[PDB]
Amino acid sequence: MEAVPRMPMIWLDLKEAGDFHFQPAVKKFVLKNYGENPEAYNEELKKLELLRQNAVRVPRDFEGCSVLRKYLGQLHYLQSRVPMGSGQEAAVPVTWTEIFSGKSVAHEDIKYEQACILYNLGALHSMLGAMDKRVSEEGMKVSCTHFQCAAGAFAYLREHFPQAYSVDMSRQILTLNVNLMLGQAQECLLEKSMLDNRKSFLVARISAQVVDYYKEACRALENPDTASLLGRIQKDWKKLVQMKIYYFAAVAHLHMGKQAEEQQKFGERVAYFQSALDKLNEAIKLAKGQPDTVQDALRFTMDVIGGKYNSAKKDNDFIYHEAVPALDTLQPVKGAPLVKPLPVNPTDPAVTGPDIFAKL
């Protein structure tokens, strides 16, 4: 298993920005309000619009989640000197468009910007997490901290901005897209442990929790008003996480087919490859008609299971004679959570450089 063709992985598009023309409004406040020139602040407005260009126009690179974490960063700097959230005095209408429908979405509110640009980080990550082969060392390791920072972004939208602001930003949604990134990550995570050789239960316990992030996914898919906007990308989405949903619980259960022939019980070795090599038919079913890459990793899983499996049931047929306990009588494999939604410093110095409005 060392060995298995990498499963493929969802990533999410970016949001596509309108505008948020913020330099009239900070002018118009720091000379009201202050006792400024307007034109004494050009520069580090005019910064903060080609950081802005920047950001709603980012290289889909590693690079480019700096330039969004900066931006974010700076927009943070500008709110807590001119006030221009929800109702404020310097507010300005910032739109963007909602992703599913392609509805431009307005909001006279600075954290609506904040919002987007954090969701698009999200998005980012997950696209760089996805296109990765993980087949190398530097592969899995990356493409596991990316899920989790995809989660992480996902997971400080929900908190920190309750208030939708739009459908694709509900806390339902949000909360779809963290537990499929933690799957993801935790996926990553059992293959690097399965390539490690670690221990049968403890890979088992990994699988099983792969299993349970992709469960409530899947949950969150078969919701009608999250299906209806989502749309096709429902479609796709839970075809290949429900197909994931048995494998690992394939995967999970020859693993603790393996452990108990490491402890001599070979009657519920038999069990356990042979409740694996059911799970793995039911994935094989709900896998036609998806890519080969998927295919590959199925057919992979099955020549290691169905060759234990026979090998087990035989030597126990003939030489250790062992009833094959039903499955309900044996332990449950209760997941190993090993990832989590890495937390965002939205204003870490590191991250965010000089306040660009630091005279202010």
Second form
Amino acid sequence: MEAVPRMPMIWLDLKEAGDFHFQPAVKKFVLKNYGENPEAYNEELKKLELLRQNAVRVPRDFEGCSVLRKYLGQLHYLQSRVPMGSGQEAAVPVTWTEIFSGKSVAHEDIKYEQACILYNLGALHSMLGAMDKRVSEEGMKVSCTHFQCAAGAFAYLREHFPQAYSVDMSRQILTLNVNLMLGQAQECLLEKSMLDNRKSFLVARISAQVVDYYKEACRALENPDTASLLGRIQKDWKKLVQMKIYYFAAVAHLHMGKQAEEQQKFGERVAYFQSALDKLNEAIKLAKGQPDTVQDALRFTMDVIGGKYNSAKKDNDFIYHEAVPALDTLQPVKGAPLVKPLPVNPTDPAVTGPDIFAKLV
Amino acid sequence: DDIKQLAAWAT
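For comparison with the form deposited without its partner chain, kindly provide the form solved in complex with its partner chain.
The next block holds the full complex; its first chain is the one shown before.
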């Protein structure tokens, strides 16, 4: 299974930004409350404007993630010197487009701008993670890290912005994004564990965790309120995720049979291989009409599982003559979560650079 | 062992 064709990955679109006329509010606040000439801050305002323009039209590469984190930190610095939150003195309208409706949403709240930048940080990470072919340990490692970063951005957004400014950033939807991103990260790690030919039991646990993450995401997609909001998107996501649930259940039980093989339990080996074959056949049914990338991975895995099942049954029928335990006799594999939402630190000086408004008293 | 190598790889 070292060279199994790579499954495709889901990514989220970035949000489109509208106006954020912070310049008049900062100049007004600077004169009124700091007693300084507002024109003395034209250079600082130019820098923040150039940073926002770069961040809202972020280059869809690795360096784009740094631009978003840098801008996010500078927004925290500004809010600590000029109050632009809800009901505060220098608050101005912030406008972004909501993903599912395509409609403009405006809030007079700088934390709404922070929230959208952090969503797009996770969205961009999901994009970069899904772009790679994962045929190199460098691209496999980068993709695994990207999906973990995406989970962390959405997780940070879920925790520190429980006021859902729009429905695409609501708790239930962000929870779906986090679980989906963690499943794809664990999936990348699974491909690595099978490349190294790690112990069979650990690979089973790693694949079983892929299943667990995708099962959590599939539950959210089957929620009627999530399905009505996502619309067609729920249909496309649920098709890939539901198939992957059975695909990686098959991979998990394939390696449980390998453990049974290593433990000289040749009747138990038949039971796990037959289970893996059944689960993979269900994944094949679920993959009708899916791209060739999915078909090529199922077909490769079928050659492995199908051959190993036939060989194991032949060995048991004519050599070992051991009892084949039922399906419901077997302890279910416990997933081994070896990925995590990588933390977001908004005011990390290494990611923000100097405070743009450091001279503002 | 196997886990520690894979855990460090994923960080």
